[PDB]
Amino acid sequence: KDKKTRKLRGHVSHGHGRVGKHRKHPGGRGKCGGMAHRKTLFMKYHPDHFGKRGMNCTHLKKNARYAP
Amino acid sequence: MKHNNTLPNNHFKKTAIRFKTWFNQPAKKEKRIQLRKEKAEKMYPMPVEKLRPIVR
Amino acid sequence: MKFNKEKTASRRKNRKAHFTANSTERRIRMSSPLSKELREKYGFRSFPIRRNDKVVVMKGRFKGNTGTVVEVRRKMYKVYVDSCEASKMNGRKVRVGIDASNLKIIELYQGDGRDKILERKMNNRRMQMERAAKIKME
Amino acid sequence: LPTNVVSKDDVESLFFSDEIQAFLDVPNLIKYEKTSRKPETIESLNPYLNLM
Amino acid sequence: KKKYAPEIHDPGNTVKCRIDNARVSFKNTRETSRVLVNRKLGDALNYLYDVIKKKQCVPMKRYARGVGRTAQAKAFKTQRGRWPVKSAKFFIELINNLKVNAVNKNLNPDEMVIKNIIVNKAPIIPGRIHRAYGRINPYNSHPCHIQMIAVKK
Amino acid sequence: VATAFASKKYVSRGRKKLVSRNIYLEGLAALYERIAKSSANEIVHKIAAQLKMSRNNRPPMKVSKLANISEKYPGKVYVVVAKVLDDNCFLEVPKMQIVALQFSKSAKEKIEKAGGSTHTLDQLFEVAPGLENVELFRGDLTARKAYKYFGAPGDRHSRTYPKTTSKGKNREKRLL
RNA sequence: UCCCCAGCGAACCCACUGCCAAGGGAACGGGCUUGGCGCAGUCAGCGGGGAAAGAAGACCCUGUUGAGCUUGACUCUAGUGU
RNA sequence: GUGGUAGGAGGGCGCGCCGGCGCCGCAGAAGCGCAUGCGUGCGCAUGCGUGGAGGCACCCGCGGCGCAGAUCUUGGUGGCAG
RNA sequence: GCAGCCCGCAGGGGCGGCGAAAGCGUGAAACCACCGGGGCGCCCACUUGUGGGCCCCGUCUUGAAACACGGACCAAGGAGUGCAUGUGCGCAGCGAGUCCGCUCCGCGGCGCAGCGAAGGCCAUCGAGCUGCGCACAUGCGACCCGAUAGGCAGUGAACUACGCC
RNA sequence: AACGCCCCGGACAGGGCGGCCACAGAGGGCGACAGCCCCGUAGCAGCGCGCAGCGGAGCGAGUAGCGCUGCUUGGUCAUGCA
RNA sequence: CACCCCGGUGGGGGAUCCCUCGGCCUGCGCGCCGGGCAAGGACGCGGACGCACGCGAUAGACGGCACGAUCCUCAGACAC
Ligand SMILES: [Mg+2]
Ligand SMILES: [Mg+2]
Ligand SMILES: [Mg+2]
Ligand SMILES: [Mg+2]
Ligand SMILES: [Mg+2]
Ligand SMILES: [Mg+2]
Ligand SMILES: [Mg+2]
Ligand SMILES: [Mg+2]
Ligand SMILES: [Mg+2]
Ligand SMILES: [Mg+2]
Ligand SMILES: [Mg+2]
Ligand SMILES: [Mg+2]
Ligand SMILES: [Mg+2]
Ligand SMILES: [Mg+2]
Ligand SMILES: [Mg+2]
Ligand SMILES: [Mg+2]
Ligand SMILES: [Mg+2]
Ligand SMILES: [Mg+2]
Ligand SMILES: [Mg+2]
Ligand SMILES: [Mg+2]
Ligand SMILES: [Mg+2]
Ligand SMILES: [Mg+2]
Ligand SMILES: [Mg+2]
Ligand SMILES: [Mg+2]
Ligand SMILES: [Mg+2]
Ligand SMILES: [Mg+2]
Ligand SMILES: [Mg+2]
Ligand SMILES: [Mg+2]
Ligand SMILES: [Mg+2]
Ligand SMILES: [Mg+2]
Ligand SMILES: [Mg+2]
Ligand SMILES: [Mg+2]
Ligand SMILES: [Mg+2]
Ligand SMILES: [Mg+2]
Ligand SMILES: [Mg+2]
Ligand SMILES: [Mg+2]
Ligand SMILES: [Mg+2]
Ligand SMILES: [Mg+2]
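Residue numbers (this note's numbering), protein chains in the order written: chain B, 205 to 272; chain C, 200 to 255; chain F, 7 to 144; chain G, 15 to 66; chain X, 19 to 171; chain R, -19 to 156.
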């Protein structure tokens, strides 16, 4: 099938609403605001994103630890 | 960002990122075959490879 | 097909080579076929047309006329044959420019060393036919 | 070489094989009259209103 | 040859004349055209001589906003009239050209009546005027293409 | 909207039409649609609906899963409307007659080396003439890698895995 | 000067524009509703109206947009001194 | 069974070019103008005129693929205004 | 592809001339001249001039005919794309495997099983891999156009400021 | 290498008929669309001349490293650099 | 009468379509400046020569070699 743009020719506000809009970056760029305004996105879908777990191994070697 | 997805690790923030396209890839292959043939013709009896050991 | 990668089949480069041909190449591009009576003697298919060449017109308005070549003009690629003319308003008769591909040479001029140039193409054609005869023999 | 999901050719013709044809229940082929909604025709289908 | 605007029904009995890119005011020469149609060929001369002598005027009807009134425009049931001497002079040379074309065709120029006049806009000849505050505005002439056709009665 | 039966069950239509333009698969789907329109048998109605299903809605069967089935329903014709795959955990399988869409080449060899026979879904009414001793099976629909990540991993008692591309130690784990 | 003429000859501006009264309406209509009128569409005056034209309000507020500037702001820093 | 903004979905119309496949054209192609017809509609087909060398249909594939607006851009032209 | 004849000081005009034609291809629209026809701007109805219905579109807005903003007209141009990585769905090949395209030849990746920070534990167990397509998320100029700013590197005292000769 | 006749037309490269060449039917020109009119296209061609002698365990400092500092790096009680 | 609308003819303008010795992209090849005066510039150089392009007081083809009959606006040049 074709892309969605080929059906949105003719309609103002291509698919993004008149009152809303397609603005540049509302909410911020990337995954910022994970503790402020996208906290609901991180409490729901990535609750283990923030913080530290466990003992760091500086340069884990894959071939030495290979044991399938 | 909006939905449930893996967190994005896309590293195109630097405007200095280059791209190495591979349009020379079929052409380099025919150049590479031609040089190997010309090496074999330069050393006609001698093998084109060295004798190399078997190592673990 | 053309299997030589180093020559163009490009239309743009072939058209630019035709209109910006130099004068040595423009002489070759203004070749004209010989008669069958000339081709039994010389052997080659065509030869570059020259002044004082006898010519029969093969296409166009003057088709079937015979006359001598009185003017060749390499820029605009036009051969002007005697007795292929049109008058101006003031009665002045102008020779009409015919392309060399529309002319067939009846009698080749041989004066200004042209008999050497005809024999050089004739002998190289004869020599190259001998090599291709030996190669197909072997 | 690729394996097809069917063995025979023209598998819709398998419908007329007697192995399938014996298996079938009898379909309803009764062609009904087109219904009418106008009150004179549907009184005329059951003309027993005037009997009382 | 260049075609004329109106239809010629009897080319034996009609004459035509032309001037292209005539350096006249188009709006002035449109208005004097509309008062020259359906006139006898010699009567159109005597009218245009009176325009130059300012005895009769040219009624300005379409291109007329701001034109001052005159008593001579009462003849044409208007008030706005003018005396476009240059367009009157261009038409005199054309009507004189109609008379010589009539005698070249052996028709009586006293019998010809001007049937059609088409005054077309010519391309604009550009010019500049210097203005206040360092601005440059166009100062263009608006020439005209004129066609006349006269038929005998 | 669904069809009822004498056994008070419903078999829904599924897709109105299959999206696959496999001409032979839609020949199979149109065939069983024609049988199901003139039959009260629910197995034909379930096969007709499952033939139009997507690849994700037709999860595959191993021969080890059909082997454990064959102890539960011995001597029957096992019908799967999926691809039957092989288990290299199991060197040989019981003898069983399996009617499926596709068989992998390894699965087809173990069934035949057991003495059993593989058949396609158009051969069903020759293998079982009155459609007798036919046992129709589905694979596990939720045994798919996408079902680990459905839902939200940060809900109250959710066992949803977090969406991550990493397999390292610094990947997101489930907080249970 | 204007005004009238010969010749020359722009720009601003321009959704579209018969004119009123009241009403309704985004609460001050040229268009709607209901009434009152006027219409040969020309010349000159004129500044009531077009909430006239100028100019993405300079006032005010908002912006997680600034800049100039100040200091008891925060973090630094040339300089002086040890 | 039939309203519909924001919005989502489906099926088509249209454009440049592609791989094919049916064809057409100096006895006049595209384009254009005016007509007639078809079409719910996007649009399509024909006639006549012009034009003077290419083009059409369908199936496929690629996409810088459809405009009334952006104080849009560029060009042209009006009214204003003799 | 001309200047013959008549007219004009001339530019030129008219009868002509060359050529298949065009006469520096085609020649749309805005717009204009003249001529011809007709007078709702649109929709409906019919016996065509009457009646009935219609405020200016776009837009933001709770609400626009608005005394809200943009729009004189017309042509042409003109705005969700590309890549990367995901996810979901559909399709496709094979399937405990799968992936040609780095290369002259992947035991490289993912999957066949997970848990824990780790020591350690290890199943009662599970279809995937790859491609194609769309939607969507993110990074990128990121639908198009738009700041005031900030920086880096340069150029100017012909205006003007001051000082010197 | 290999093309003639007829029709239409201002002109044949068009149409019709009949051939021909092809290791050449890529492309361009020629008064319309040319394998055979032209330019082209496919196709076809190699070799020679040189190389000699006399030490071989020589070894690396304002460095490495450490301390401090500044920069840098994925480099983490320091990766690099100063 | 003006005004408006529709058509015809003529204007007006340059859209459309067709064309394209141009661009763009990719691949390959080359990869060679300079006191032996470079890059760049200035000024000059044609019978009639402004621009462009060419050129350097040997100044709009000087020599060698190859080519072989035209160049052209006029005048002329040309198998020496
Ligand atoms: Mg919007
Ligand atoms: Mg949307
Ligand atoms: Mg809001
Ligand atoms: Mg906070
Ligand atoms: Mg006045
Ligand atoms: Mg000034
Ligand atoms: Mg005046
Ligand atoms: Mg009022
Ligand atoms: Mg009223
Ligand atoms: Mg007034
Ligand atoms: Mg006022
Ligand atoms: Mg503002
Ligand atoms: Mg805020
Ligand atoms: Mg609806
Ligand atoms: Mg909508
Ligand atoms: Mg087309
Ligand atoms: Mg079409
Ligand atoms: Mg676009
Ligand atoms: Mg537009
Ligand atoms: Mg719009
Ligand atoms: Mg104007
Ligand atoms: Mg033209
Ligand atoms: Mg709203
Ligand atoms: Mg409001
Ligand atoms: Mg509105
Ligand atoms: Mg108001
Ligand atoms: Mg405005
Ligand atoms: Mg457009
Ligand atoms: Mg995006
Ligand atoms: Mg900007
Ligand atoms: Mg800053
Ligand atoms: Mg600076
Ligand atoms: Mg040191
Ligand atoms: Mg009109
Ligand atoms: Mg242009
Ligand atoms: Mg390049
Ligand atoms: Mg020098
Ligand atoms: Mg010389």
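Don't take every hint at face value.
Facing chain B, from chain R, some residues (calculated, C-beta under 8 Å) [said to hold, decoys possible]:
{"#": "1", "residue": "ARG38"}
{"#": "2", "residue": "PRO40"}
{"#": "3", "residue": "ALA132"}
{"#": "4", "residue": "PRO142"}
{"#": "5", "residue": "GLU152"}
{"#": "6", "residue": "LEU155"}
A short, non-exhaustive set of chain B residues, derived as facing chain R with CB atoms under 10 Å [claimed, not checked]:
{"#": "7", "residue": "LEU212"}
{"#": "8", "residue": "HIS263"}
{"#": "9", "residue": "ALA268"}
{"#": "10", "residue": "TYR270"}
These are calculated hints, taken from the structure and not from any lab test. Even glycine gets a Cβ: it sits at the ideal position worked out from N, Cα and C.
To see whether the hints hold, each was checked on the structure:
no. : hint   : verdict
1   : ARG38  : violated (23 Å)
2   : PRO40  : violated (25 Å)
3   : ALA132 : holds (5 Å)
4   : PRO142 : holds (6 Å)
5   : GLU152 : holds (4 Å)
6   : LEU155 : holds (5 Å)
7   : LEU212 : violated (24 Å)
8   : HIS263 : violated (13 Å)
9   : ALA268 : violated (15 Å)
10  : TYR270 : violated (13 Å)
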